[PDB]
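Colleague: The primary structure of each chain is shown beneath.
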Amino acid sequence: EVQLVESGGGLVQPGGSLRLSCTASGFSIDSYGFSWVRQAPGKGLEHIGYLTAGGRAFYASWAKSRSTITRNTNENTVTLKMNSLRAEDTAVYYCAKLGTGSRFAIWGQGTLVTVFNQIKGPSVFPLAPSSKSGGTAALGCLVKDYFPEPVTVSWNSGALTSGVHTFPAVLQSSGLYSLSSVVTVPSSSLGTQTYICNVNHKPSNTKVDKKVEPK
Amino acid sequence: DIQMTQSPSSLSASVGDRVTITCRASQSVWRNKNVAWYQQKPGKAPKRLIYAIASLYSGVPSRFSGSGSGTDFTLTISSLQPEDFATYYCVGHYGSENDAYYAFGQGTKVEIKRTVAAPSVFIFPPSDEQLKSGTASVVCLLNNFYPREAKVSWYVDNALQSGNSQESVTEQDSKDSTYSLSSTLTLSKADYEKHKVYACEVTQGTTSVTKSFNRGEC
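Those protein sequence lines, which keep their order, are chains H and L. When the letters of the first sequence are read in order and numbered with the deposited numbering, they come out as residues 1 to 82, 82A to 82C, 83 to 100, 100A, 101 to 129, 132 to 213. When the letters of the second sequence are read in order and numbered with the deposited numbering, they come out as residues 1 to 27, 27A to 27B, 28 to 95, 95A to 95D, 96 to 212.
Treat the hints with caution; some may be incorrect.
Unchecked claim - Just so you have them, the derived chain H footprint on chain L, three or more residues with Cβ under 8 Å: (1) 28-35; (2) 86-93; (3) 98-106; (4) 117-129; (5) 158-171; (6) 190-196.
Hints are computed from structural coordinates only; laboratory data are not their basis. For each residue, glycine too, the CB sits at the ideal point set by N, CA and C.
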C-alpha cells in the first residue's frame, strides 16, 4: 500500500505560494529525513531541499531564496512552501527519503503545481482523413490555443486506443499550448465507423468532443 | 553547489547489450558513499536501483551493478532487458558545514535499436472552421518510423518556409519501437488563401518524401 502521500497541489497564480504537504501512513515522519524533489514537464529531476530526521532544513541554491520546509510530528507530515512562483516552477513535486546511502528509501506519487497567467479552454479542429487513401488512412484532432497544460485526449470515449498518437504539447509564440492527437485506421471504415476525439481541459472545466468526418 | 555530470545524455542499444552509464563529480569530494542510481519510466515515479555506490536493493535484478572511484560513479547493466529501457539518474548527497544538498544528473535516456523504418507521411489542410478564426494551421504527420532523426520542410507555392513551424515527437512505442512526429505550419488566413500548393518534405538520409495538396481541391 501507498505510505507517502503528497497533498495541496493545484493551480497558483504567479507570485503566489505553493503549499504542499507530505503525509506518512504506517510509520513516523520524525524517524527519517525527507527531501522535496520536483520535475518540470519533459525535464530532469531537480532537488529543492530536505529536512533531517532531527529537524534542521537545508535548501539548494535556487530554492534557498524562496523555499521553506517544516514538519509536524502531531500529524505525521512534512510541508514544503515556496513563494514568488513563476513559469519554471510548474512541475510535479515529490517528497521522498532519497536514501542514497541507507537501505530505506521511499517516494511519493507526486503532485502537480501549475503556475498560470490565464485560463483558456481549447479550440478543437478536425484533421480530416485523406481522400487520396484501400489501405490505411490518417485522421485526428488539432487542440489549439489553450492554457495551461494539460489536456487529455481519448478517441470514441476510450473505445479506440490502438494506433493513437497524442503528441506532447508545444508552446506557441502566442504563449498558448497546442497539440495534435492522430490515429491510423483502415480506409474502408471511413464511411462506416464514426470517429470522435474527446479533449478534456480540466483547468478550464472544458470538454470538447469533435466528430472527424471525411472531406 | 556541485554538479553530477552524466554521460551519455542518451544512448541506443539492443537487447542483451552491456550498457555503461557514467556520472562525474564537478569538484572533488574525494570519497562519497551516498551516491545512488535511479530509474524512471515514462509517466512513472523514479525508482531506486542502486544505493551506496554498489549496494543492490532487494528485488532489483542483479544485472544492475554499481561501481565507484571516489568521484566518477558508473552504472552497469550487463545484459539489457525489455523492461530496462527508461531514463537513469545518478544522485549524490554532499555537505560541508552550512551546506547540504542532493544533486541529480542530467539523466540518460536508454532507447532500443531496431530496423530502420520509413514513415507514412500524411498532410492535413486547415479546417474551414479554423479559417473563420483568421489563422490556418497545416499539419504534417510522420507515423511509425526509425530513427528519430528527420528533416521536415514546408513549401508554400514552392517557397521554403522558415520560422513559422513547430515540431513534436512521441516516445518510442513500447510495441514496435517506432517514433511519430508532427510538424505544424502556422499561417494567417490571408496568406493561406493567397497561395495554392502546400507541401511537406520529409528527409531521412538519401530519401526525401513530399506530400502536398492544392488549396481547394479534393
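Colleague: List in ascending order the numbers of the hints, as given earlier, that are violated by the structure.
Modeller: Number 6 - this is the single hint that the structure violates.
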